[PDB]
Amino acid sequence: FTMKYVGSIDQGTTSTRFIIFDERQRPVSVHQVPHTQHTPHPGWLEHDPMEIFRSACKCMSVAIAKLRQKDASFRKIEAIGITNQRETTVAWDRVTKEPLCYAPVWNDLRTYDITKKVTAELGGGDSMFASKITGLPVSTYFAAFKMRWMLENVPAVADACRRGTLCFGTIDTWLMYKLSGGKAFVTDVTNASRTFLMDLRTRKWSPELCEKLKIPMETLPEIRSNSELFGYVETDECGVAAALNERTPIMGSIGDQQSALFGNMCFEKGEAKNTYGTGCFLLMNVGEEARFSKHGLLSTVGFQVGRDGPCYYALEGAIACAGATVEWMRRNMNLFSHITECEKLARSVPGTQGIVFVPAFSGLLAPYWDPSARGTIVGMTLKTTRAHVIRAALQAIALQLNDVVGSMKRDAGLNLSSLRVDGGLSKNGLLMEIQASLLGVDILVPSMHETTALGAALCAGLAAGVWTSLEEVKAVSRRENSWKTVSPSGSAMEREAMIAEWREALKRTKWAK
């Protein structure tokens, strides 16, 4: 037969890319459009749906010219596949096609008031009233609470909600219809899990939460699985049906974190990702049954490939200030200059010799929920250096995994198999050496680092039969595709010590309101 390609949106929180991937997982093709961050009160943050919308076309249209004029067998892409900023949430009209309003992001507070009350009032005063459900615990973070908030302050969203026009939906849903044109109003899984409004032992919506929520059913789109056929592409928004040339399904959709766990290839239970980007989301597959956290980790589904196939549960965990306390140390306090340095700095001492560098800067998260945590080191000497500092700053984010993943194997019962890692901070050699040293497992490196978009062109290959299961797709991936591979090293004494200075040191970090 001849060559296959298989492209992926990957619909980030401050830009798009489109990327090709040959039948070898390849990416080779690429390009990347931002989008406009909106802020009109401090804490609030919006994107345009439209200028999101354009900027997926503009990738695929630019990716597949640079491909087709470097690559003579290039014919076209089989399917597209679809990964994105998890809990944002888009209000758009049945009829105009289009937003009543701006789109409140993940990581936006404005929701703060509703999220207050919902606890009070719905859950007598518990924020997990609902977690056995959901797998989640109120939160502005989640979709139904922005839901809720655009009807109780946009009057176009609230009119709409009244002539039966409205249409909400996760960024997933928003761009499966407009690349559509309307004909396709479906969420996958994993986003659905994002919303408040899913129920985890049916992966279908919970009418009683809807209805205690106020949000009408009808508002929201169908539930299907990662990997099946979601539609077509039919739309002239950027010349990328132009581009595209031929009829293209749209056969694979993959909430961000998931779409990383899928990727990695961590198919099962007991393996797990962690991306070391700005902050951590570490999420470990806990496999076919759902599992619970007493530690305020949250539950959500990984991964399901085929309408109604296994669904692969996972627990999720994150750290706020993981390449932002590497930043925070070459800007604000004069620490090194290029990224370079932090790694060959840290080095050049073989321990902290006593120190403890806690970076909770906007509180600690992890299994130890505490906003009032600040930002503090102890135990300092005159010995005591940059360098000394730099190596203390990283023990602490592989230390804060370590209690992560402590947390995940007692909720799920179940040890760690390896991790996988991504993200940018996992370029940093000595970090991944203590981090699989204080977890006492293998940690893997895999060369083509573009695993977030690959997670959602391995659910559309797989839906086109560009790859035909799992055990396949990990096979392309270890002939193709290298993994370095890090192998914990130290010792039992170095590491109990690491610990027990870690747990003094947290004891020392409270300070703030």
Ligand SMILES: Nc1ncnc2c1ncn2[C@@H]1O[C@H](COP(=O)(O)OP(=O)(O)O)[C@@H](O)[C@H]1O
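Basically, rigid core = biggest C-alpha set you can superpose within 1.5 Å across the two forms. Positions refer to the first chain, counted from 1. First, how it differs from the form solved in complex with the named molecule.
Core superposition between the two forms leaves every listed residue (232, 74, 141, 336) with a C-alpha shift below 2 angstroms except 74.
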The other form holds:
Number of protein chains: 2
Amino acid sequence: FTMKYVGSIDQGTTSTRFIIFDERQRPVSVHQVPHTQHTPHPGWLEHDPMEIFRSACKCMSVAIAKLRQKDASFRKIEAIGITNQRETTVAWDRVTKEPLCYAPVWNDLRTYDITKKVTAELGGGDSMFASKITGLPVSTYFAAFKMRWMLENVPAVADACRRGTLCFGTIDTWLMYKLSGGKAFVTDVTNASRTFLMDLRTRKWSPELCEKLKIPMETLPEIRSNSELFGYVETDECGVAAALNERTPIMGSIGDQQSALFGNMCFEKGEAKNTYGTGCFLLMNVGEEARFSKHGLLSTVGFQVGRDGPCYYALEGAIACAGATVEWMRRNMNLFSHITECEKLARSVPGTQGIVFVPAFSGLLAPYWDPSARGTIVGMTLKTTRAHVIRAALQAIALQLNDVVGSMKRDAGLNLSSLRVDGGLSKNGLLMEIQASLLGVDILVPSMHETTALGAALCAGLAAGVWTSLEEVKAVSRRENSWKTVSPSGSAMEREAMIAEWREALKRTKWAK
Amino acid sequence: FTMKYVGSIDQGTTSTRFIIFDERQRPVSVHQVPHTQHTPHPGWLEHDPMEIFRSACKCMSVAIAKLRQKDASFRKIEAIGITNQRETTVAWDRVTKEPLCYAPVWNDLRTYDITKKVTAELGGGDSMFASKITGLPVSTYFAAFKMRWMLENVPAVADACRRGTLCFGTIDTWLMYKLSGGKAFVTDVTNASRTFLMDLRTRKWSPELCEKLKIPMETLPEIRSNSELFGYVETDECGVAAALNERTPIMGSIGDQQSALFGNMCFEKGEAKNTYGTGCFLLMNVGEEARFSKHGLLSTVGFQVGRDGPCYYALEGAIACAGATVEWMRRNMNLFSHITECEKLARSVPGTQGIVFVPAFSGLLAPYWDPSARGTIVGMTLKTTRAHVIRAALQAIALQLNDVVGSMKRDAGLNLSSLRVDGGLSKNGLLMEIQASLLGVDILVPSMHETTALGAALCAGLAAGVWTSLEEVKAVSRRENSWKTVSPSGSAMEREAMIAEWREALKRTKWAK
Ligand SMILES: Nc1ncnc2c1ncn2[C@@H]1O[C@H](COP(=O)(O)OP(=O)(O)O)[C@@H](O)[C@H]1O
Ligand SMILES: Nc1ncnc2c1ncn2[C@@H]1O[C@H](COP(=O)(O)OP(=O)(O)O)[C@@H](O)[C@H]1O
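Hand over the structure of the form solved in complex with the named molecule; the form deposited without the named molecule is what we had up.
Below, the chain from earlier opens the complete complex, with every other chain and molecule after it.
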């Protein structure tokens, strides 16, 4: 009997990937293609939508070709899931099927002025005014503000609106449009919760905000769950349709951070995950009911398996410099050269012995939202070494997540039961130990590291009946994909010293303007 | 007649040199011999005074013997000058002519408890209570608290005192006693100003202070100028009378920092010198009347040519971590490897792009005495690099000296005229330019950088008629020895911003206890 496979498009900030999974939840074929990171003005970032689409189809046709060399009795993929960098917004025309301009990216800062024009003229000052509707504060990140900026500052967008041709879309929507030939204009609830145009509880567009923010709802896609029929792959860009060999349904769509939650099996309330990439995104599943935030955290959709399946919600927090800190220490400061020296140097000392290092190189986020904070070290003596500084960096990442989790527990009214961790810094043993001690929960480290791409494939597979239930999903995961477990081992008194010391350091970090 | 030669004994903390200078102020023969650093308990440091005496003597014989080989016009040394690590205190017996113990060194900390007692019981809790007599605060450095400690803790010393055979003396006193056979029990004004027993205004021992501190005046040597006949070399230790050949008078004695003030030609009020060593010692000639400091700067005697000749007073400030910071950056943090790269990396960026590095590794000194301050860096971004950090360390050193100078100008009622520089860290071209720019004066860098030894040689040679006036000395320097002049090359707008950022940074440095 023949292996069924499920494809996952992982459309990230810096690259695109197609991972083909089998029924074991094993990546059996992968391919990656990068796209250009345009930076026209300092603080701006922008992607070519056609470069992304092409990257995605190039990825698919290559991975398929490789899989069929290792399984010549293959023939088709059961379904395809999409997961994506969120918030990043693309505008296109619906007759040409072509982008009107380059897509500003989640962390672009051009929408700043509009951030403020909005908060004042609509919010009556309160940045969290619309938050009980959307889940989100007003920031540069969210899609609506980028939709707005384009409408205001892009000739071809301004026009295309008046002509009744304008389509807006997060990357999922863009992928699904172009992948289906123009046939589907859709989004999923996770991506939709990032627009600042969607009512969290109801998971439908808010006409208040659309007409309030100057956004014609004719320019907005239909919302669905993460797990159902969205469309079929109709295009043929890089022989993609021919390589699929049968008409293939797109049955999965889910934002990248939620995809990692789902992919690490964080299905029940209290279960949470952290992705240590360049930064950190921590997400906690908080149950079937939406929770909102006294400490400036985000409230968002975790996932919804099926049209009127239950919708799980989550809280979300972030640190801006995690992996970037470690890389900064080698590339900027020459504190080590090979990647494994970081943990090696940090273990070589017993502690930080007085120093604290707050790696707030582009501000504190999270529950102490402070853009004036900069990178800071205190307590050095002539005994301090690069080893102490590196250890101190790792403690500091952990200490930020500690404060984030503290916040989520009070805003959610639950305990964190366990913490799943993925990303480059997932592989730093000492960091996961310090992390476990501070939170006082186990940190599970998946050795099938591809968990973001897995999330989308699970949504796709659940909808195509490759997996029948979440328990079948969890069970296959346990048979097939191992994990290291990192238990806490601190002591109430040490933790308190570390946090007290940390709390004093934070007061000395304010610096810019 | 023939070529004249003056010799200089430079008795430092870690070694002793003998430099022979010719009439052009050229060092023509040099030898160096170390002496043992005994540390009985942490924070304690002690020198073997007989080892010091022998080193000086070996230094002399070797330097002279080398010079006879390399210079057929060298007949004898016209006179010898002495310069010394100040404060270090020797106790010895006037009949055995030997020490009663090792000599606690200037940076020795065993006098800490005696220091707290003196403040509380003699000064009502004011450390500055005697500072209008001595120009000094109560501190572990000064000679009187070391005497006091030897009586209270050394049975032999207390014994010798009981028997009327006790001689206390700073290193100048000890060297002139031993070099003369035991016939001279003298000290120059500059070293005496470092005892906490001398009255700045009279340049005599202060009966009140000796009585209040219970150092019998009988134990102290006679106070003389820096330049006059102290006596004659008579010992034949290490063949030194053999090497000198003829009768050689000792005609110069002056404390090391002051010697550098003198050797740098700072003969007028408003002329200052800075030594850029492990730390920095900055002195300014304040003119013929003492100036007391409303900023914790120390008031001291600059110099005095001739028994009851005009006496030039000085203000003194220190920084603890100068070249030590350069060294920490290399040895502890791996920011560069060869010392040339320090200046190269700092040159490679136009400024510090807003970071400040306060290297208060061992507290803050200068006019912000704060032993709780620790090493700190603020303001970093992911654009910051080691080049920025190295350059900030250099800026930090110049900013401290800018604050010290500023304090001096307010205490003295005068402008800084120019700054002569020496020490290893004055080979750093960029540190010199930053310093000209911040201070708005020319920085003169002697090519003949042996300024400390030259002070003593000048005192001696003036007294011997090798040079007949301060103006002849200045001319000879100019005609014979290269001075490099470093003019300001900054803007007053940058200066201002650098200073404002320095001030903000200093507020963030408090950490210890
Ligand atoms: N236990 C299994 N049952 C069925 N097919 C398998 C099994 N293990 C591997 N495969 C198949 O072999 C091909 C390559 O898979 P891969 O995991 O790279 O194999 P390996 O485990 O030898 O590295 C895929 O088609 C995959 O589905
Ligand atoms: N050529 C050079 N360039 C830059 N820095 C130097 C150079 N040579 C020595 N240094 C640094 O300057 C300091 C020189 O100190 P030094 O003058 O030797 O000690 P002291 O404090 O006893 O005068 C050292 O700490 C060293 O790091």
